[PDB]
Amino acid sequence: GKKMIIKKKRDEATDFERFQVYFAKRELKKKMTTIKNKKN
Amino acid sequence: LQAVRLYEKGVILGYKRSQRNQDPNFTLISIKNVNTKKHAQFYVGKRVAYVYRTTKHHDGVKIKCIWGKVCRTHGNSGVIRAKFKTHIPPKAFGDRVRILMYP
Amino acid sequence: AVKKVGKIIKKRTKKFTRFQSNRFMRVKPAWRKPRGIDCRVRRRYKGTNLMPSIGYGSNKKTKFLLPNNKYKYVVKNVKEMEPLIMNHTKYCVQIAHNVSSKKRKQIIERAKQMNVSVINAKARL
Amino acid sequence: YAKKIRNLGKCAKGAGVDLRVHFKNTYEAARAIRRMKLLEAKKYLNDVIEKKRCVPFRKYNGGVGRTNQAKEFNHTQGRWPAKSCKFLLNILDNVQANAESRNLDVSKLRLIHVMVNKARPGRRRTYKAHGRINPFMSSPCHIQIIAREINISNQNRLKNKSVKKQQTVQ
Amino acid sequence: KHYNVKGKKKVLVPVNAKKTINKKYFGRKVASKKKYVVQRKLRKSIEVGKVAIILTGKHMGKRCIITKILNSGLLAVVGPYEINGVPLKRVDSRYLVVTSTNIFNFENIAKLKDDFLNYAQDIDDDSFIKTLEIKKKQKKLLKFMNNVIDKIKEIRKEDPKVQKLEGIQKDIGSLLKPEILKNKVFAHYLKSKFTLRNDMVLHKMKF
Amino acid sequence: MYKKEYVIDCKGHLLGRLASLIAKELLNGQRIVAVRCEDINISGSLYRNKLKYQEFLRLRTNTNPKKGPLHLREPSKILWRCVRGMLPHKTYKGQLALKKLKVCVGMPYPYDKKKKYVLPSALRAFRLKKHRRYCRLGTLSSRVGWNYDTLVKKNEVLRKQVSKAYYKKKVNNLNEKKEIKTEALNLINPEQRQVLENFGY
RNA sequence: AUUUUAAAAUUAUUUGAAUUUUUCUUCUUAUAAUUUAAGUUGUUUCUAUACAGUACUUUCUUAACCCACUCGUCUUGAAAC
RNA sequence: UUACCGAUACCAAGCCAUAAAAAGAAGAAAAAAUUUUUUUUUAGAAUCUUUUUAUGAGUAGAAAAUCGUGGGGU
RNA sequence: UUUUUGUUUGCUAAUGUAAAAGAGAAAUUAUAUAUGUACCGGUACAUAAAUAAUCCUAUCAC
Ligand SMILES: O[C@H](c1cc(C(F)(F)F)nc2c(C(F)(F)F)cccc12)[C@@H]1CCCCN1
Ligand SMILES: O[C@H](c1cc(C(F)(F)F)nc2c(C(F)(F)F)cccc12)[C@@H]1CCCCN1
Ligand SMILES: [Mg+2]
Ligand SMILES: [Mg+2]
Ligand SMILES: [Mg+2]
Ligand SMILES: [Mg+2]
Ligand SMILES: [Mg+2]
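Protein sequences, first through last, are from chains P, U, G, V, H and W. Just so you know, we're using this note's numbering here: the first sequence kicks off at 100 and counts up by one. Just so you know, we're using this note's numbering here: the second sequence kicks off at 10 and counts up by one. Just so you know, we're using this note's numbering here: the third sequence kicks off at 24 and counts up by one. Just so you know, we're using this note's numbering here: the fourth sequence kicks off at 21 and counts up by one. Just so you know, we're using this note's numbering here: the fifth sequence kicks off at 72 and counts up by one. Just so you know, we're using this note's numbering here: the sixth sequence kicks off at 467 and counts up by one.
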């Protein structure tokens with residue numbers, strides 16, 4: 100059900116919203132990358 | 010990232026065809042992830058460009074392009090018919106084509 | 024196919040070559056209409072040479088117009104040049120293949136005076 | 021002669037009018053020769069006359085045997101057409117002489133045009149079967165030999181487009 | 072002027088007859104017998120402060136904010152030069168995919184709307200079309216390479232209309248920029264280019 | 467069929483249908499690597515299949531069997547033949563398409579590290595009722611003289627161990643990534659985080 | 001060089017009616033305009049500030065997709081073994 | 001049960017011919033320039049011109065319109 | 001191997017691509033169930049179950 104709802108959200112999103120999501124992902128990646136580096 | 014897509018990818022397939030009759034006036038195009046009639050209709054007015062490379066330079070370049078309009082959907086499975094300014098060469102039958110977002 | 028340029032429509036740019044003119048030397052390309060049983064061309068089987076037919080003809084209005092839009096008029100002499108003084112936008116001069124060079128030059132000169140186009144000015148130039 | 025030369029000062033020509041040799045063998049020989057320094061060609065001819073190196077019969081190869089020397093030209097068939105070779109040699113010699121008479125170095129001369137045309141057949145009669153006369157004609161030839169001494173648009177829009185492309189690349 | 076047939080209300084715009092056509096059996100006459108051509112009428116998504124993606128230009132894929140419905144049908148667009156790099160650019164409605172996002176919907180930038188509107192109004196149609204003289208001058212440079220380009224650029228700069236346009240653009244930037252900057256995500260979005268990827272089906276997209 | 471090269475895992479598929487699927491793709495313009503061809507299933511009973519094969523073999527050219535129907539008995543080879551059958555191979559385009567196809571028994575050098583795809587409309591589990599007789603292609607091949615079946619099986623088994631090893635590592639990596647994500651979700655920005663949560667990620 | 005008119009329709013007016021009380025309500029008295037009449041015109045590029053270029057035209061050349069059986073002939077019937 | 005593909009058949013539009021039908025023994029239009037020049041035309045060939053509509057398979061055969069070759073008078 | 005410019009007498013500078021626009025994605029296996037994990041194929045516990053309807057990877061120039 101959750102996945103369905105996620106899919107629906109994705110479908111209905113505005114371009115800006117998609118962009119926002121992308122930005123968020125990028126931020127996470129940055130943070131994630133940093134964490135990985137630290138671990139190393 | 011260098012270069013921005015902005016088009017849907019496609020494959021320029023056969024001509025519009027009988028079993029053994031040609032019809033070079035229309036080309037059949039498969040558009041990436043569009044599998045149904047309904048989806049196909051979305052692309053109806055979009056402009057299609059077959060871009061191709063050559064050895065001899067022309068207008069000072071090795072790449073030239075033939076333009077088309079995308080005319081109608083084609084049978085149940087998301088394929089579309091496209092009509093071009095000049096008919097496409099059949100050398101093209103397995104090639105990639107671009108379906109732009111304009112109109 | 025069809026060869027639109029201006030309003031000038033040509034239905035069939037390809038020449039209709041004689042059947043089998045491509046198979047035996049002795050048979051020239053000049054259209055001849057096939058007769059006799061079992062022709063294939065006569066019978067119009069898919070894949071053979073086409074038969075010239077009246078459908079192919081150009082619109083009565085643009086017919087003998089060349090790409091220029093002027094009817095070609097053959098010119099052997101100044102006297103002949105003269106009928107087209109009141110027609111420089113509708114007929115274009117071609118100088119006869121057999122005209123000597125001086126005469127040709129003269130004709131060309133005349134044409135320029137008249138504002139009439141010459142389609143073959145360059146012969147012996 | 022058939023070739024487009026431009027400058028005949030660096031060229032030496034030689035011809036054979038109606039040779040009493042077979043057109044096909046001679047043709048083959050000519051082919052073998054072609055695109056070679058004159059002296060080398062002469063040497064080759066000499067060798068063929070003495071049955072040391074063969075000429076490869078590649079065009080008119082119907083029934084011609086299967087020699088050992090043909091491996092030199094990546095072929096299987098080859099022959100040593102004696103009389104024809106001799107004739108060719110003579111013509112080569114003539115050409116050389118002509119060159120000498122002018123002012124061309126024989127070491128730097130290459131055969132640029134070795135043409136063999138077939139002349140009019142010399143008619144003879146052979147007798148066959150049940151009282152039947154048949155043509156026993158020859159295949160004469162003309163030989164022509166030439167030796168030679170051997171050592172946008174701009175458009176403003178287009179320009180703009182190009183510039184843009186360059187920028188993109190950068 | 073407008074006509075209301077069958078309940079459409081189409082709106083007429085005065086047009087000029089330019090093409091001449093040969094008469095049947097005497098002297099030529101103008102092609103157009105019609106004096107008024109129906110107005111373009113844009114789609115029910117093109118607004119005054121929405122962000123759109125330019126599909127075809129040199130700034131291909133850039134996200135630029137819409138400015139003025141420029142009466143000639145085609146609209147004016149700005150990606151506030153000091154942020155996105157898109158100048159005061161005239162564009163057709165078809166070569167722009169307008170997103171559902173509006174600038175004047177944000178709480179910070181909504182108050183500076185009247186000024187923007189005024190600025191848009193100030194921009195005109197004839198300020199875009201380059202006069203023939205300039206074109207001629209540009210051409211004259213064809214008869215080294217980069218030097219030519221530089222010359223062309225200089226010529227372009229020289230144009231008084233062009234200068235005016237530039238000034239207008241600058242003014243717009245001044246008006247808008249700081250607010251945009253403050254909305255950092257929004258600014259980033261504006262900056263970035265829209266690219267289709269291997270998941271974006273396009274036909275199911277509601278952007 | 468817009469990928470560079472599709473690697474198809476032929477295990478658990480139904481032969482003819484699979485071939486058909488391949489052929490169209492090939493025609494369109496897609497490089498296909500049919501991998502693991504020993505485990506392709508045929509819808510007939512094994513014995514029936516064998517009989518059919520025998521019959522096929524029997525139809526050879528009477529004058530000189532050096533020409534005529536070449537009875538290629540490798541499972542991959544068989545698959546290839548089938549594919550060809552469903553193609554206009556006598557033309558140029560058809561030939562090209564045929565060439566584009568590559569068939570492999572088991573898994574070789576590069577096609578162990580590439581993602582293996584499955585054709586769901588051709589699967590045996592989805593196309594046959596489970597009270598009908600089916601036949602493994604490898605077995606059939608063996609029956610009509612292929613010999614290298616056991617060896618192939620052994621190779622496959624060996625590969626499996628390697629895959630398992632790799633898989634474990636992959637799993638570990640995934641877990642690590644997840645952990646990192648969990649850690650870092652609190653280190654971003656509130657609104658952004660919320661947005662991310664909303665969109666599934 | 002008068003059926004690219006006349007009317008229809010529409011727009012802004014003006015007189016009288018109607019029951020379908022209605023910013024497309026209809027007829028009608030009169031006037032201008034317009035196009036939904038009365039078969040496509042306009043805007044901006046580009047070719048191009050070119051004389052021929054790699055662009056454009058066209059002849060030839062192979063490709064390629066699809067098709068295509070030796071013509072004449074006598075014959076119910078010929079690609080005909 | 002839908003959906004679709006699919007003819008030289010059908011429909012819509014053009015153009016070609018054929019057949020028939022309407023009908024026919026005087027006149028300035030526009031553009032570009034800068035009120036006057038320049039640019040185009042300014043039609044009337046009866047088997048001809050303008051327009052309209054329908055139609056177009058074809059061996060044996062018939063007819064018509066053309067096209068070309070050797071010579072003749074003009 | 002790296003760099004630069006180019007491939008705009010029969011020759012002696014030299015071009016071609018049936019396919020780049022992110023051509024992204026390595027468990028295995030069953031289909032009336034599989035996969036791990038931990039012990040001894042068996043047991044117990046997890047885990048997938050519209051599985052690519054996903055995940056990864058993009059634009060942060062200077
Ligand atoms: O089409 C059948 C057939 C052929 C071949 C092939 F040619 F590939 F070896 N394989 C078949 C198989 C196969 F073994 F699965 F390949 C099964 C059933 C029929 C087959 C044969 C062909 C001759 C007449 C009917 N049986
Ligand atoms: O029919 C009139 C006409 C008159 C005369 C005339 F009376 F002079 F002999 N001759 C005509 C001729 C003519 F006989 F050849 F002279 C042809 C056509 C019309 C003619 C036309 C009427 C339209 C204007 C031209 N003359
Ligand atoms: Mg018959
Ligand atoms: Mg016959
Ligand atoms: Mg065929
Ligand atoms: Mg009989
Ligand atoms: Mg008829």
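Careful, some of the hints might be misleading.
Unchecked claim - Facing chain W, from chain U, some residues (calculated, C-beta under 10 Å):
#1 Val-20
#2 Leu-22
#3 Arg-26
#4 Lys-41
#5 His-96
#6 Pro-98
#7 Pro-99
#8 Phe-102
#9 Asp-104
Honestly, the hints are just simulated from the structure, not real lab data. We put the CB at the ideal spot given by N, CA and C, even for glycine.
Hint check:
1. Interface hint status for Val-20 (chain U): upheld, as the beta-carbon distance to the closest one in chain W is roughly 6 Å, under 10 Å.
2. Look at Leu-22 (chain U): its Cβ gets to within about 6 Å of chain W, closer than 10 Å, so that hint holds up.
3. A least Cβ separation of about 13 Å between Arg-26 (chain U) and chain W goes past the 10 Å threshold, and the interface hint is therefore violated.
4. Look at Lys-41 (chain U): its Cβ gets to within about 5 Å of chain W, closer than 10 Å, so that hint holds up.
5. About 17 Å separates the beta-carbon of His-96 (chain U) from the nearest beta-carbon of chain W, more than 10 Å, and the hint is not met.
6. Interface hint status for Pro-98 (chain U): violated, as the beta-carbon distance to the closest one in chain W is roughly 13 Å, over 10 Å.
7. Here the hint on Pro-99 (chain U) is kept, as its CB sits about 8 Å from the closest CB of chain W, short of 10 Å.
8. A hinted interface residue such as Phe-102 (chain U) counts as satisfied when its beta carbon comes closer than 10 Å to some beta carbon of chain W; here the least separation is about 6 Å, so the hint holds.
9. Of the supplied interface hints, the one on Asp-104 (chain U) holds, with its beta-carbon coming within about 7 Å of a beta-carbon of chain W, less than 10 Å.
When each numbered hint is compared with the structure, violations occur for hints 3, 5 and 6.
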